[PDB]
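Quick setup: one chain, the form deposited in one PDB entry, written in structure tokens, and binding and motion questions come after.
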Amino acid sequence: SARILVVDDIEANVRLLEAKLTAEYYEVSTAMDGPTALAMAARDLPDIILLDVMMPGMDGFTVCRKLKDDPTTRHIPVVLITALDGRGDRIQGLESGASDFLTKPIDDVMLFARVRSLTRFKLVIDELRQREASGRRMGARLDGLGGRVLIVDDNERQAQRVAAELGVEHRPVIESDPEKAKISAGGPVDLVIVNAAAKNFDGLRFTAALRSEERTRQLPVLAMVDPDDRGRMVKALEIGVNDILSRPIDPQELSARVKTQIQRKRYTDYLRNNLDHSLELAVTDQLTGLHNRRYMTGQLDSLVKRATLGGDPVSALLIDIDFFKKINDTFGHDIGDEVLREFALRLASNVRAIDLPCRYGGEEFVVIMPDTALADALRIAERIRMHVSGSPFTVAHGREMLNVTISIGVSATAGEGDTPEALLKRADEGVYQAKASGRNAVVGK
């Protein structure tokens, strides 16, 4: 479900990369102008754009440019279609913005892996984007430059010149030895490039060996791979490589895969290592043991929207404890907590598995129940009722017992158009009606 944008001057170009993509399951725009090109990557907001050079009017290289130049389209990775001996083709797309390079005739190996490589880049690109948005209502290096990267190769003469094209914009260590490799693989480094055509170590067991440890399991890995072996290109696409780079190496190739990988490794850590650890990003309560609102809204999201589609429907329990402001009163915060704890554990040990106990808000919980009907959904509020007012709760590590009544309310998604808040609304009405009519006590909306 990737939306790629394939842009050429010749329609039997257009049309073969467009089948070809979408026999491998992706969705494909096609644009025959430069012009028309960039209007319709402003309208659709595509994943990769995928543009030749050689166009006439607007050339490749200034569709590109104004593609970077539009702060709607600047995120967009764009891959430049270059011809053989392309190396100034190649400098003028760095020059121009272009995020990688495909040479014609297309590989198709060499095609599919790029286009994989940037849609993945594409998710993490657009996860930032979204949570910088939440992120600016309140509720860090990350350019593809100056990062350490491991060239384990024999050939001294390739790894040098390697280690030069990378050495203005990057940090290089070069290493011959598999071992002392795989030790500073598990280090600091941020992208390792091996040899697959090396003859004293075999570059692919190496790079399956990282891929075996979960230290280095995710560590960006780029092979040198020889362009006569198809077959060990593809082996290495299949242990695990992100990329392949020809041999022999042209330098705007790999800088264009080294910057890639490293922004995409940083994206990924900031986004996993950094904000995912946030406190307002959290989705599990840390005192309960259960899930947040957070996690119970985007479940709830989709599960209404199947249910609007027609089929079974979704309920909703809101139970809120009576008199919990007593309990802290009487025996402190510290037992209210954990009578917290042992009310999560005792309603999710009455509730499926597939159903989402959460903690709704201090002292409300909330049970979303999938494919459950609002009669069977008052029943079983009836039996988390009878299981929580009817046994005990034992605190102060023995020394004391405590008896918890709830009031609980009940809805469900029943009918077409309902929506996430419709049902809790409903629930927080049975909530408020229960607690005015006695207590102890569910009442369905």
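Positions refer to the first chain, counted from 1. First, how it differs from the form deposited in another entry.
- The hinge separating the two rigid parts that rotate between the two forms falls at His277, chosen from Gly88, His277, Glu27, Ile106.
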Given for the second form:
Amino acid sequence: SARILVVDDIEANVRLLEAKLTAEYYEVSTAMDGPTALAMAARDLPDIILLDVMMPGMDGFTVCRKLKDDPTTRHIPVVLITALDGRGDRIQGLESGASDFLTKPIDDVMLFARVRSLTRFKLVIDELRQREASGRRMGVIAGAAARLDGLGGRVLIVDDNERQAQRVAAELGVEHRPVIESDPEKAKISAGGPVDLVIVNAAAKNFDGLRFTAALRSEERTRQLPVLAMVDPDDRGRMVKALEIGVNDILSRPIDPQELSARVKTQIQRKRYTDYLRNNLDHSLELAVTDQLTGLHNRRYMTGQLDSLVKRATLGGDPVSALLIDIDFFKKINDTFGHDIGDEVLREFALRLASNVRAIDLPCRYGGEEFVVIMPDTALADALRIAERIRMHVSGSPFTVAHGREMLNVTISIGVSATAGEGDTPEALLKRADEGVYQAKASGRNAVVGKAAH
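Moving on from the form deposited in one PDB entry, kindly provide the form deposited in another entry as a structure.
Since only the chain itself is given, any partners or molecules it might have are not part of what comes next.
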């Protein structure tokens, strides 16, 4: 399935790993020191590299760093092999560029869970690299907005262990936007909304987290959704089961902050690369989920996502907010200047909008001239403030119209609203936002107006 380069200074650890891997029909090469590994990686371009941190002369951290310095090998996932008490090693491993970790003595189930995961990721890395090897001509100048970190990202934690769920949220909260669900039926709804990753407790007390995963896998809206399962390290059949059922990778308890950070980045990056490929690239009807001109989301895609979000909010829990933006006198711009100038303005606006709103929000080409931002887990009072932030960035700087040679002042009107309890509807939320835009032009344009229920 893949070509693996194993690196360790002890010729015995290398043979044991080599034997285990080729018994599962991987193609394995070896290196007993750093310089050898770097030369072989550049020559062979392996799919992944298993790298021991402890080596005399040049250690694994140095090798890992050097693999990222070389533009030829940068793209190859590196797994570091650490000792039992490997906190220091994992922290240093992260800053030296490692993709994930494995602990000695090596657990076979972890070993293969890890290789399969990064192998799957390597497929999409290679595919994306092929695309980029075509442009030069317009390096997709026909598209913009395009986030490909593993960072930001809405992470749904499905766990009835309050204490642990809350710790996992706090760990992921610096680099991500976590959300907790303890009811599995409520989680099913959230999960069909804009979620980048699900983390499920496979050892929960009140629901079967594997039965929940299988459910995600049997419905269109959640079938491609990445899933990490938290598992008890003493229950081996259960770990095997989870991987057979389509869990992407597993996190042993107690949950290690550095392992957590790493597996999460992996899965979110895999998803984003995958999505980026699905889109871009050419055109189509009902298929289609982005706007060609701006590179924002469709209305089609947005209403799908907004359906789940509002449904979740009506069963208690956090509200959703909606912004309806209209560019002031936009039709008058299409007349007195060209439609080509009009495109330039639409693209520039889309860029500033998406820049100043979270990756987990949903900025959309709602219509020809109107834009919408759906914001999960956001109250009206916060959404007003966000709208003012967007309003300032567009009004605070002139747009570059005629292919570099002219400046153009632009302002927007924004209407704002948030969900409100058991009766509320997507239709009703956007109607309130629509009233808000209408009143913002009644006050004299270039303003923000909130509309609440009731």
